[PDB]
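> Chain by chain, the residues:
2 protein chains.
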Amino acid sequence: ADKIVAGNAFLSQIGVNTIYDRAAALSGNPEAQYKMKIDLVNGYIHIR
Amino acid sequence: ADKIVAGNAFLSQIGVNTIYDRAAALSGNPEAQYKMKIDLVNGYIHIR
Numbered sequence: 638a639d640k641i642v643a644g645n646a647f648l649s650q651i652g653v654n655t656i657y658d659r660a661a662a663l664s665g666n667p668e669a670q671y672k673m674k675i676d677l678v679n680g681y682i683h684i685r
Numbered sequence: 638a639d640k641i642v643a644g645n646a647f648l649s650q651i652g653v654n655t656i657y658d659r660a661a662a663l664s665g666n667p668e669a670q671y672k673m674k675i676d677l678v679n680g681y682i683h684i685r
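So the protein sequences, as listed, match chains A and B.
Residue numbering for the first sequence follows UniProt numbering, beginning at 638 and increasing consecutively.
Residue numbering for the second sequence follows UniProt numbering, beginning at 638 and increasing consecutively.
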């Protein structure tokens, strides 16, 4: 599916470019509203 | 279901008032037989 909307998701090994919090992800601009960021592609963690 | 009996349960985001150990939960009186307690409603952890 294009988008998976569920409060209960399960992925032991998740292939995701970058992990954002739910509020930032649903806001439409995660890059400017994230409290934490786990960018797996670049390999760095940024915490505001 | 009223009760879920399984040795393998999966809840990434679990909405539960208080978490008890299996032995205390199945004993019928978790409040007097728990070794650890995670009360999410009140926000405190008690370890015996």
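Calculated from the structure, these hints are not laboratory results.
For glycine and all other residues, C-beta sits at the position ideal for the given N, C-alpha and C.
Check each hint, because a few of them may be wrong.
[Said to hold, decoys possible] Pairwise CB distance ranges, derived in the manner of DEER restraints: (1) B/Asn679 with A/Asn666: 18 to 24 angstroms; (2) B/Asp676 with A/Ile682: 28 to 34 angstroms; (3) B/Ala669 with A/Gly680: 46 to 52 angstroms; (4) A/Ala660 with B/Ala643: 39 to 45 angstroms; (5) A/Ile651 with B/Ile682: 24 to 30 angstroms; (6) B/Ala669 with A/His683: 30 to 36 angstroms; (7) B/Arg685 with A/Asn654: 22 to 28 angstroms; (8) B/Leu648 with A/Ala660: 39 to 45 angstroms; (9) B/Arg685 with A/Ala660: 34 to 40 angstroms; (10) A/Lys672 with B/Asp676: 46 to 52 angstroms; (11) B/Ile675 with A/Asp639: 48 to 54 angstroms; (12) B/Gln670 with A/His683: 43 to 49 angstroms.
> All the hints need checking, so say for each whether the structure fits it.
We went through each hint and held it up to the structure:
1. B/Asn679 with A/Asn666: 18 to 24 angstroms: 36 angstroms, violated
2. B/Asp676 with A/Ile682: 28 to 34 angstroms: 31 angstroms, holds
3. B/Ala669 with A/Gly680: 46 to 52 angstroms: 49 angstroms, holds
4. A/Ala660 with B/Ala643: 39 to 45 angstroms: The hint (39 to 45 angstroms, Cβ to Cβ) is violated, given that A/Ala660 and B/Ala643 are roughly 32 angstroms apart.
5. A/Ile651 with B/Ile682: 24 to 30 angstroms: 28 angstroms, holds
6. B/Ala669 with A/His683: 30 to 36 angstroms: At 46 angstroms between Cβs, range violated.
7. B/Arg685 with A/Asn654: 22 to 28 angstroms: With Cβ atoms ~44 angstroms apart, the hint is violated.
8. B/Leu648 with A/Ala660: 39 to 45 angstroms: For B/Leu648 and A/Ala660 the Cβ distance comes to about 21 angstroms; the hint is violated.
9. B/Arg685 with A/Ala660: 34 to 40 angstroms: 37 angstroms, holds
10. A/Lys672 with B/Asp676: 46 to 52 angstroms: 26 angstroms, violated
11. B/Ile675 with A/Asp639: 48 to 54 angstroms: Violated - the Cβ-Cβ distance for B/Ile675 and A/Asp639, about 36 angstroms, lies outside 48 to 54 angstroms.
12. B/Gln670 with A/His683: 43 to 49 angstroms: 45 angstroms, holds
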